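Student: Position chains N, M and S relative to chain T; hints supplied.
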Amino acid sequence: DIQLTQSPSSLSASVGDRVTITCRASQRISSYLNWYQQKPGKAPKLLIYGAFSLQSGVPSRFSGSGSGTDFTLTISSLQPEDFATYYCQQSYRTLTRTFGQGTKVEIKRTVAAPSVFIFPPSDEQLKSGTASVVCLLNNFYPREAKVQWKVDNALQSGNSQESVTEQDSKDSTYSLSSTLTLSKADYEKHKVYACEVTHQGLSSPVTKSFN
Amino acid sequence: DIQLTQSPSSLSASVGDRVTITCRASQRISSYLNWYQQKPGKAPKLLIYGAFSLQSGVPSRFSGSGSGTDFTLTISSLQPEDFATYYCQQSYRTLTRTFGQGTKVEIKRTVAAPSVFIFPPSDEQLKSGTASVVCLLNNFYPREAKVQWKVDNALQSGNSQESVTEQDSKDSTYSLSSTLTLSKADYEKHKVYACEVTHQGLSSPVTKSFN
Amino acid sequence: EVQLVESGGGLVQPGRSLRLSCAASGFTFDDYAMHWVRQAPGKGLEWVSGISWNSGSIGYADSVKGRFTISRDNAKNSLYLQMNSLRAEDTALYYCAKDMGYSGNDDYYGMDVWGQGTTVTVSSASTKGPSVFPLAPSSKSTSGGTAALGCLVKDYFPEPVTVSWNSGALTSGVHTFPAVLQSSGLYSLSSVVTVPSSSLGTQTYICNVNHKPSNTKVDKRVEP
Amino acid sequence: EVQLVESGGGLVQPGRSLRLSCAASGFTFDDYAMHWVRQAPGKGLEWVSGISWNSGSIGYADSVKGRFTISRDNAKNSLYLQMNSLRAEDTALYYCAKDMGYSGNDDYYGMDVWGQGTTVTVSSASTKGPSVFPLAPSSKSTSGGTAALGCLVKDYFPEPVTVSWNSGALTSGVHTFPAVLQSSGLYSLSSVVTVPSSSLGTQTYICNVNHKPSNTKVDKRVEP
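Taken in order, these protein sequences are the chains called T, N, M and S.
Numbering follows PDB author numbering, in which position 151 of the first sequence is assigned residue number 151; successive positions increment by one, without gaps.
Numbering follows PDB author numbering, in which position 16 of the second sequence is assigned residue number 16; successive positions increment by one, without gaps.
Numbering follows PDB author numbering, in which position 44 of the third sequence is assigned residue number 44; successive positions increment by one, without gaps.
Numbering follows PDB author numbering, in which position 141 of the fourth sequence is assigned residue number 141; successive positions increment by one, without gaps.
Some hints could be false.
Chain S is faced by these chain N residues, among others (derived, beta-carbon under 10 Å) [stated by the list, open to error]:
1) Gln3
2) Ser26
3) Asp70
4) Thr72
5) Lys191
Heads up, simulated DSBU-like pairs for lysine-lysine below, C-alpha to C-alpha not over 35 Å straight-line [stated by the list, open to error]:
6) M:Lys43 - T:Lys127
7) T:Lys208 - S:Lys43
8) N:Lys146 - M:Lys65
9) M:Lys128 - M:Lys65
10) S:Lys140 - T:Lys146
11) S:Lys43 - S:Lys76
12) T:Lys184 - T:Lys127
13) S:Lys76 - T:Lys150
14) N:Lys150 - N:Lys104
15) T:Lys39 - S:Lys76
16) N:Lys191 - T:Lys191
17) T:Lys127 - N:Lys39
18) N:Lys45 - S:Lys43
19) T:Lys189 - S:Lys220
20) T:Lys42 - T:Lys150
21) T:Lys184 - S:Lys217
22) T:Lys39 - S:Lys43
23) N:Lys170 - T:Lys189
24) T:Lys127 - N:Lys150
25) T:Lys146 - S:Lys128
26) T:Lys39 - S:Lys217
27) M:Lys43 - N:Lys108
28) N:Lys42 - M:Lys43
29) T:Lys150 - T:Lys208
In short, the hints are calculated from the structure, not lab data.
Cβ coordinates follow ideal geometry from the N, Cα and C atoms, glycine included.
Pulled out of the complex, with its shape left as it was, chain T reads as follows:
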């Protein structure tokens, strides 16, 4: 079982910049590696095949290359339309083709802190036998935001969920929704609820709470 490994996560670049994406196998599979491009809501499209051969209809901006045992995809000048998830593929000279984990390209922007809001449980929800608290981060740029929940000044985990939006098309920012879920029976055992937000754009952690 030979796996393909691509860059750890994603690259940040502005339009007109140069983007380099690499992929390597733990063991040699073949002399060729293919590249695919995928956009949200769309099927994968073949970008390069045979390592060096550019697929018809694809702009010359995309050029295949490699070094050592690794393969490279280079975008000579990044365009607004070139922001997509990219994948590497090898066939093992059989039907059982494999793909790498995929890498993303994000729009470059300056660092900015999130606006933080906390939403107490509704009465309709409490009447339903459950309770939850929502901690919202708006308009922040760095993806790696950290939010933790505390109840009665005590840390909780394993009872919350997180969902993150795609980068905004106009402000190039992200939003984050963190929800703390409690049963009504346990919810009533506590008096104060709070969330703490840690972020690269903050000089200090932001805490919001309700009673």
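Tutor: Below, chains N, M and S without anything else, positioned relative to chain T:
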């Protein structure tokens, strides 16, 4: 498996008023909806078929209509005889006809509080190894009365049952009997019993108790 | 003139079969498709089974698909339903109905005629008669609120228990509740009558329960 | 002109089978090898199975090796995938794709033509409709920080829930999140809109939840 959705519960209306019942399928079933009417102790009868075709012997008061996927039964002027449970059915072009749970039409009345009485367990029951205490609500207009049992100033549930009479033919009221079941040994270990009644006709909840 | 007449029903244990039938009168039996529908207390209508003219097509509800069989006898103008392996969940009133058309494939019409459904109850219990446990009025606290006195009717299996006060003499102010099934498989019913509190020391009140299936009559006195 | 069209999909119970098909048009179908690729939400591309031209050779991914069968009908210009014993882990988008070559042993070629993947969901759950609960703005503490108000859509099974504000009138400042699957098998999403705090007492805010799969629409008003 496609189920039908009907009005949330029941429609409260006076004689001469306008009553509309709506039904929708979760998925498209057929181009036509069949409407049926049922009275207590009686088999249901067909009023409308083919969406717009009124069944012979049925008065013009009942008229079919609809919007989008939502079918409607309209009663132009509600009569004393029109208080019944109405049902929605679709064939799906098969023998396996699908029925809804139906919508009930209730007599509209001014809201007022119930009279509250408590009936402690008899000696014959205790001698039998059991005990039963009943909370009674008399002559109230709403159906949705709420009764909670308390023992030794603690709330109890799951060990009681509710039974309610049909709307009165002359006073248009309801009567409710809530029964709490205890064993002889468990009844005796307690020192005080109480019953709490919540009602739309009450400005405040009323609690009764006995030893 | 046009009517459907159901036959069959009764109280049976789980793991046993019961056969229902319906007779046709006032109309041509074989000009229409036939259906069975059941309705449990507190529930809406549920379709059970049905059959087209000349038995061109037969359908069953999923819940009974492997247990129930439907058939027709045109010569006798009658409809039959065979229910095998009955379960407690199958307790309901069972009705026969006449479709307006001759095939289930017609989605323009509903059911034309409904009969008088019978009662089918499935439970592992004998026809035990009721006991009566009288509920004294709280005359010490309700004397100015009108006196409410009542009784409980408990531990009976069959549905049709008749309850009245003073052998039917007292009907005014009487509120008799629907019976509720207990986890024991037996029913429990409550009944209360409201009277002037001044009558408590002058009028004797008797709770009278009449249960034909067990040849049982219970007379209990209710007093402060 | 050249395209692949997927067909089939939908919700099934665990242990049940589902059959998918793909129609080829605009190109010769029997001159190329075909492959199936699936993509779960939040995941990259995973190869499932494939077949060479003339069915000369067939391969399967290890995870489906004993469960999935692939086959083609050259004449009818279609590819088929038979998935047996489906499990919750098999939930994904399933894409039809065409190999640039005819041989499955040529490593110079990739997949040049992809169709529009269908959705296959496996779960022990019914298509339960959503419950909606409002999230009041903390106007008492955030009045100078701009107000954020929203609502939750909880305990629904089907994926494609659409939420908008004020019947589409309010789109600015609206942030809608991807739903998160709960251990119950049901999904929950949140939607929040940021508005001037001074407008909270002047503008009525309602979130509109459109559950298309069950024809259910809920209009929920959100207040301080």
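Student: Would you mind marking each hint as holding or not holding in the structure?
Tutor: Okay, the hints, checked on the actual structure:
A least Cβ separation of about 9 Å between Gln3 of chain N and chain S falls short of the 10 Å threshold, and the interface hint therefore holds. Interface hint at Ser26 of chain N: satisfied, since its Cβ lies 4 Å from the closest Cβ of chain S, which is below the 10 Å cut-off. With a least beta-carbon distance of about 9 Å to chain S, the hint placing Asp70 of chain N at the interface is held under the 10 Å criterion. Restraint check, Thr72 of chain N versus chain S: the minimum CB separation of about 15 Å is more than 10 Å; hint violated.
Proximity of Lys191 of chain N to chain S is violated relative to the hint, the smallest CB-CB distance being about 40 Å (cut-off 10 Å). Between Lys43 of chain M and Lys127 of chain T, the direct Cα distance comes to roughly 25 Å. Compliance with the 35 Å bound is thereby established for this hinted pair. The straight-line distance between the Cα atoms of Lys208 of chain T and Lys43 of chain S is roughly 33 Å, inside the 35 Å bound, and the hint therefore holds. Of the supplied pair hints, the one linking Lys146 of chain N and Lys65 of chain M is violated, its CA atoms being roughly 40 Å apart against a limit of 35 Å.
In summary, the hint linking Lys128 of chain M to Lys65 of chain M is supported, as the alpha carbons are separated by about 33 Å, within the 35 Å threshold. Distance check on the hinted pair: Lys140 of chain S and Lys146 of chain T sit about 26 Å apart at the alpha-carbon level, within 35 Å; holds. Of the supplied pair hints, the one linking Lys43 of chain S and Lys76 of chain S holds, its CA atoms being roughly 33 Å apart against a limit of 35 Å. Taken as a hint, the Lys184 of chain T and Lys127 of chain T pair is honoured in the structure, with Cα atoms around 9 Å apart against an allowance of 35 Å.
A hinted pair counts as satisfied when its Cα atoms are at most 35 Å apart, and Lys76 of chain S with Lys150 of chain T does not qualify at roughly 62 Å. Distance check on the hinted pair: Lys150 of chain N and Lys104 of chain N sit about 33 Å apart at the alpha-carbon level, within 35 Å; holds. For a cut-off of 35 Å, the pair hint linking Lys39 of chain T to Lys76 of chain S stands: about 32 Å separates their Cα positions. For the suggested pair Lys191 of chain N and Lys191 of chain T, the alpha carbons sit about 32 Å apart, so the restraint of at most 35 Å is met.
Taking the CA atoms of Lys127 of chain T and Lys39 of chain N, the gap is about 34 Å. The hint holds against a cut of 35 Å. Taking the CA atoms of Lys45 of chain N and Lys43 of chain S, the gap is near 55 Å; set against the 35 Å cutoff, the hint is violated. In summary, the hint linking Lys189 of chain T to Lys220 of chain S is supported, as the alpha carbons are separated by about 29 Å, within the 35 Å threshold. For the given pair, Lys42 of chain T sits about 40 Å from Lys150 of chain T by alpha-carbon distance, which is inconsistent with the 35 Å threshold.
Distance hint between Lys184 of chain T and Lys217 of chain S is fulfilled; the C-alpha atoms sit about 27 Å from each other, no more than 35 Å. Distance restraint check for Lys39 of chain T and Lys43 of chain S: the Cα-Cα separation of roughly 13 Å lies within the 35 Å cut-off, and the hinted pair is therefore satisfied. Only pairs whose Cα atoms come within 35 Å are accepted, and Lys170 of chain N paired with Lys189 of chain T is rejected, the gap being roughly 49 Å. For the hint linking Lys127 of chain T to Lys150 of chain N, the alpha-carbon distance of about 20 Å falls within 35 Å, and the restraint holds.
Taking the CA atoms of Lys146 of chain T and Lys128 of chain S, the gap is near 33 Å; set against the 35 Å cutoff, the hint holds. Restraint check for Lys39 of chain T and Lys217 of chain S: the C-alpha separation of about 31 Å stays at or below 35 Å, so the hint holds. Proposed proximity of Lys43 of chain M and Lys108 of chain N is supported: the alpha carbons are some 23 Å apart, at most 35 Å. Between the alpha carbons of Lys42 of chain N and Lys43 of chain M the distance comes to roughly 14 Å, so the proposed pair stays at or under 35 Å and holds.
Distance restraint check for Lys150 of chain T and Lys208 of chain T: the Cα-Cα separation of roughly 10 Å lies within the 35 Å cut-off, and the hinted pair is therefore satisfied.
Comparing the model with each earlier hint shows violations of hints 4, 5, 8, 13, 18, 20 and 23; every other hint is respected.
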